[PDB]
Each structure stands twice: as structure tokens, then as C-alpha cells.
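Take a look at this single chain in C-alpha cells; it is the form solved without the partner chain.
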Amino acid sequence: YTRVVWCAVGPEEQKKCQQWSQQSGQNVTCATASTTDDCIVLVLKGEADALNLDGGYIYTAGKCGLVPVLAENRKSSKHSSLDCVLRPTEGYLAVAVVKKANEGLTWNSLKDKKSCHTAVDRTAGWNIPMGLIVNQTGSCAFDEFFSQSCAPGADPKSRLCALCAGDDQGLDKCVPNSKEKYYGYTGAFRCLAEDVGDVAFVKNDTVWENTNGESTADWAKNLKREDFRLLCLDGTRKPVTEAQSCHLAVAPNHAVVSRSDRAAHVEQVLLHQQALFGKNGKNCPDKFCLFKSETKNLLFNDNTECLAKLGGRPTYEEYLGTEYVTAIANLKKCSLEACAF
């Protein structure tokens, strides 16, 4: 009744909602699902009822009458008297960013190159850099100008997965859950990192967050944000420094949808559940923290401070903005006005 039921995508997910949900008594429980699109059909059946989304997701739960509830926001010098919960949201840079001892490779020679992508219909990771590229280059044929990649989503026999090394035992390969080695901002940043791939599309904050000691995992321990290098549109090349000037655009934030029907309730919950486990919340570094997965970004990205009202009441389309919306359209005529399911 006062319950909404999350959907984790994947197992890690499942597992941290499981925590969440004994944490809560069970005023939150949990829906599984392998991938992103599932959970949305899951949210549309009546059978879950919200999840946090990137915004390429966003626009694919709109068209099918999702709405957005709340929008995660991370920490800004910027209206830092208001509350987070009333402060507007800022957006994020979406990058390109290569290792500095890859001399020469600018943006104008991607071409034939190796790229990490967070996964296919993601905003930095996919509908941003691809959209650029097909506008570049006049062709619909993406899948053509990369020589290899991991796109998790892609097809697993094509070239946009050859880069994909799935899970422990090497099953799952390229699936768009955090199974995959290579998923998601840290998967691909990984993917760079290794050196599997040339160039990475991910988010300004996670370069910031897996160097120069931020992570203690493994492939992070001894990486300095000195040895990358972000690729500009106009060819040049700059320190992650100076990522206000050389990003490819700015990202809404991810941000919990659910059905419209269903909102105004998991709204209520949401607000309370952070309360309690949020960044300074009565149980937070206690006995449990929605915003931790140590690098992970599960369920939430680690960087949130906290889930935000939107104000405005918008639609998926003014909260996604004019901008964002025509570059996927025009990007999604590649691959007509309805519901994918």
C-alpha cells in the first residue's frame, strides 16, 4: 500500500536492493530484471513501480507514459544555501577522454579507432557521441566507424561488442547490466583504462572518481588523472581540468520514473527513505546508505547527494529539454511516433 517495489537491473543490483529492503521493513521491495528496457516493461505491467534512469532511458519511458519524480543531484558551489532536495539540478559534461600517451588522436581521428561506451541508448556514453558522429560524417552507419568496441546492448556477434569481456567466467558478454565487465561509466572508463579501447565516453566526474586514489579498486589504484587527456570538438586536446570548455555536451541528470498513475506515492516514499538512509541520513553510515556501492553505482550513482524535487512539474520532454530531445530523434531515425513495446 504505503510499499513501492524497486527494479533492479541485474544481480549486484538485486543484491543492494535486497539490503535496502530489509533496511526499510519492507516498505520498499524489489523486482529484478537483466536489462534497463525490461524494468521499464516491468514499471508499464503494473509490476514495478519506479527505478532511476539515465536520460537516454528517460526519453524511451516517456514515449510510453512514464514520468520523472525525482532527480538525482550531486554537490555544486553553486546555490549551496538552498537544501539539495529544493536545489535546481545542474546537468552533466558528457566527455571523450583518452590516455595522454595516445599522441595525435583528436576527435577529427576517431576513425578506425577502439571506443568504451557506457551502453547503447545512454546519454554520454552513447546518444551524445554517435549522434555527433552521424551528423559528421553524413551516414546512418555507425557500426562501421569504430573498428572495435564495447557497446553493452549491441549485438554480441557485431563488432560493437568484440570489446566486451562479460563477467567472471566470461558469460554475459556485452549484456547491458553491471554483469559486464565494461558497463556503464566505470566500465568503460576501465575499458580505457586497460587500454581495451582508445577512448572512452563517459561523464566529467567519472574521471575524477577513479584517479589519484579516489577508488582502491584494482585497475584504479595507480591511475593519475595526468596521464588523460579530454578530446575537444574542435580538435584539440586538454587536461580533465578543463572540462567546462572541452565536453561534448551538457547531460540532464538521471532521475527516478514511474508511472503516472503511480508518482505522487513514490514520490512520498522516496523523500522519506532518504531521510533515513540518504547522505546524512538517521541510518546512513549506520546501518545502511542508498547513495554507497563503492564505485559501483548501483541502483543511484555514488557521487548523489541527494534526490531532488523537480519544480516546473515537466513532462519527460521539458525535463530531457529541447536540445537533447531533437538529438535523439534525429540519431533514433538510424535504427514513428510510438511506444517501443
Given for the second form:
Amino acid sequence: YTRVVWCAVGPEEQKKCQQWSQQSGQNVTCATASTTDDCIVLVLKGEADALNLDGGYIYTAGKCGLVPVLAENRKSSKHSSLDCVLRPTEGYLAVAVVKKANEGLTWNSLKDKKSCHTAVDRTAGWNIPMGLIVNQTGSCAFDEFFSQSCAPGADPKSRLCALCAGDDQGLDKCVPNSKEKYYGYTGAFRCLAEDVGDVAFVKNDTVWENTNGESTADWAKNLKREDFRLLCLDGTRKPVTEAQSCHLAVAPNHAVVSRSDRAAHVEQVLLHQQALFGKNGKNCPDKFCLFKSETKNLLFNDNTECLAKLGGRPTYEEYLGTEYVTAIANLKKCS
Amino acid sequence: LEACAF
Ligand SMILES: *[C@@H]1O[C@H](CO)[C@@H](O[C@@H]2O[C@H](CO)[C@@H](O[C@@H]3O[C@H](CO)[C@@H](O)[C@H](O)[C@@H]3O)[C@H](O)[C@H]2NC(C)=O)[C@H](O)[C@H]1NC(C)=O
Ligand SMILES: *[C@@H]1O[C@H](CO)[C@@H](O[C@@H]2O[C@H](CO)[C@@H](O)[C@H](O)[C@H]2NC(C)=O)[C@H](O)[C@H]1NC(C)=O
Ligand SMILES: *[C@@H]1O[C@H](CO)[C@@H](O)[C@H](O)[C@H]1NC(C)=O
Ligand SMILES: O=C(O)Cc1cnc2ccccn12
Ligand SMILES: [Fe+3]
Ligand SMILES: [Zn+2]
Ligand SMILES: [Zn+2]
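Based on the form solved without the partner chain presented above, generate the structure block for the form deposited with the partner chain bound.
To see the whole picture, the full complex is given below, headed by that same chain.
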């Protein structure tokens, strides 16, 4: 009797999760919460077993005792002869993106501009950029760096939320789930694409996946990569093809966390589940694809190839890396 | 440092 309860963040993930439950013969069922932290709470109470998390949340969950089970592994180059589930994850590139036409905008002139973040507490969208900015400005008043922003999870009436648009009925403004138009990698990038913001803190892959026809969504179908630039830390601006030499940091892959006593089962289930609905899963695209959601990245990132076994039975600190963990610890000393 | 936020 090993039934796994997943935690969906927001009505859209709940929707996708219920389809997954249905297709899984209920070997996976769904619990739902409004925020990722709520989801972490539910798992602590055991009202839920697991969920996929950005490194920044892995940190919250980890302090609460939850452990990494499997990590997101997207398309790779080296190590590729090895099975995706046995391959070492290579982390992703956190980057700062802006419109090319917004000439003279560099890392060194971000003050009092408009920013777009995936969400408060996330790795590329917040921990890395805010950590860097707090450090470089020698000030903890990061809610006063940019003139306005959309940083889901912040006070809805604060300027950190001024650019957020809420759902299609204008409700839920700045919630840290996908109902907020500018939430996550995609929402933040869109916030920049529509010029609501001057800079978006997302990862390298997001710029590629929503440009040059990679996304047919209405706001993105017509975006061109040439019209965007990455802000390197040395003050220069580079084409989005140079992320390898123009990024804020390399971030650990999003990963699944669960309680310890549920970790083995949750692992067994997911290894089986992705065999069915994973990339070449026996039932995707036929019945259900676990790693697709019309680019909204629900439950898992849309570019995930598989969930990979972790080498060394890593604690959340070993998974995230002492460096990142310290960077977070340091940034959190601010609020 | 340590202590769960919840
Ligand atoms: C923003 O600044 C903070 C404070 O400097 C950065 O944290 C500092 O991070 C370094 C590098 O990870 C830590 O040092 C290392 O020290 C250990 C021994 O303690 C050594 O084994 C390692 O090989 C390395 O030398 C340093 O301890 C740490 N400082 C504090 C107070 O924790 C943080 O990384 C910066 N944030 C960002 C996003 O860069
Ligand atoms: C930044 O992200 C993009 C998008 O994921 C990476 O390019 C992809 O690379 C794979 C092989 O790695 C190609 O087969 C895909 O077709 C590429 N995607 C697109 C949409 O072109 C790109 O390599 C990343 N750059 C760095 C430096 O990591
Ligand atoms: C559900 O779990 C059982 C028990 O291991 C397994 O035999 C069955 O194939 C699973 N079905 C699906 C759809 O996951
Ligand atoms: O210990 C590990 O197995 C992985 C790890 C732990 N801490 C760090 C810091 C930087 C890079 C990798 N790290
Ligand atoms: Fe992330
Ligand atoms: Zn680097
Ligand atoms: Zn270890």
C-alpha cells in the first residue's frame, strides 16, 4: 500500500496534479495549497508526501528536516551515454535579462529600475540576485533597490508587488503561484517582455524557451532573442548565447523533497511514475505527460528529461552546496 | 543558521 500524496501549488497545478492522480490509478493523489511554503507545511504535517522544489525552497524544506529524493535533469551533452536517471545533474544558469533597446542598462545601473522576479525565496529569481545586490550595495534594504517590481510572495501593497497583475480577473495580485500573471520563470520573463519591468531574474533556459518561436503563447509567440541581453557581473551586456560566461551563478537543479521516512517509497513511486509519464514514458504524449504544461511549468519544469537518482545520499546541504547554502543564510540575515 | 521557519 504505497500511495503517494503530491502537493500542488495553486489551482492550475492542482488541475494538472488531479489528471496525474487519475492517470496513476491513484498511486499518486493530490493535496493543494496556495503557496510553496504552505505545501512544505502540509508535508511536515504528513498531509502530503512530496513536491518538486527550487533550490531556494529546498533550503526552507531542508531546515525543517525534509530531504532531497530525486533531482530534475534536463537535456545534457557530456555524460549522455549514461541513463538520465543515473546522470549527475549539472545545475542551471541564473541570469539577469533586459531588452536590448533599453541601451545603457547594465548590472551597474539597476538601481531604481523596474524588476521582475520569479518569486521571493527562489534561486535565480531572488536569492542569487538579491544576495548579490545586498552584498554589493552593503545594504539590507532590498525592497528599496528597484523603484517597482513584481516579486510574488511579497507584501501585495508594497512596491515589490506594484508590477504584479494578479489573475485574469485582477484578483490574487502578487500571489506566489501561477495565478499571478508574472509568476515564476515564465511570468517574470513575460513581465520584461511586456516592458512592465526593465530586468527579469530567471535562468538561461527561460529566455530560449520563450523566444524565436519556442513558445506559441500570445505574449511570447513574437519575441526575438536578439532583442534581449544578459547582464554580466562585470558590467557588460552580452547576447543570450553567452550565458556560460555571463551569468549570476550556477544553481542546483530543482528537486523533489519528502520526509525521511517517506523518502524511499516516494522515490520508488516516482521512478515508476516517470517510466510511465516521463519523457519517453510509456504513456506520454499518449495519455499524460508529467513534464509538460503548455510551458507554464506546473509541478515540474517543462524542460525536465527525468528525475535523477542522487549520488551519495545527500543531505539538503550537500545537495545545495555549502556555498549556495551560505549565500542564502547570509541573505536571510536581512529579513 | 538552523531552525525550521515553521
Ligand atoms: C554574500 O556575502 C557572503 C558573506 O561573505 C558570502 O558568504 C561567505 O561565503 C564564503 C564562500 O562560500 C564562505 O567561505 C568559505 O569558507 C569556508 C571556511 O569557513 C571554506 O571551506 C570555503 O572553502 C570557503 O573559503 C564564507 O564563510 C561566507 N561568509 C559568511 C559570513 O558566511 C555569500 O556567498 C555572498 N552571497 C552571494 C550570493 O555571493
Ligand atoms: C541556455 O539554455 C538553452 C535552452 O535550454 C540551451 O540550448 C539548448 O541546448 C540543447 C543542447 O544543450 C539543444 O539541443 C536545445 O535545442 C537548446 N535549446 C534551444 C531552444 O535552442 C543553451 O545551451 C543554454 N546555454 C548554456 C550556456 O547553457
Ligand atoms: C500502481 O501501483 C502498483 C503497485 O506497485 C503497480 O503494480 C501499478 O503498476 C501502478 N499503476 C500505475 C498506473 O502506476
Ligand atoms: O558536498 C557535496 O557533496 C556537494 C557540495 C557540498 N558543498 C559544496 C560546495 C560547492 C560545491 C559542491 N558542494
Ligand atoms: Fe529555480
Ligand atoms: Zn560561473
Ligand atoms: Zn553526505
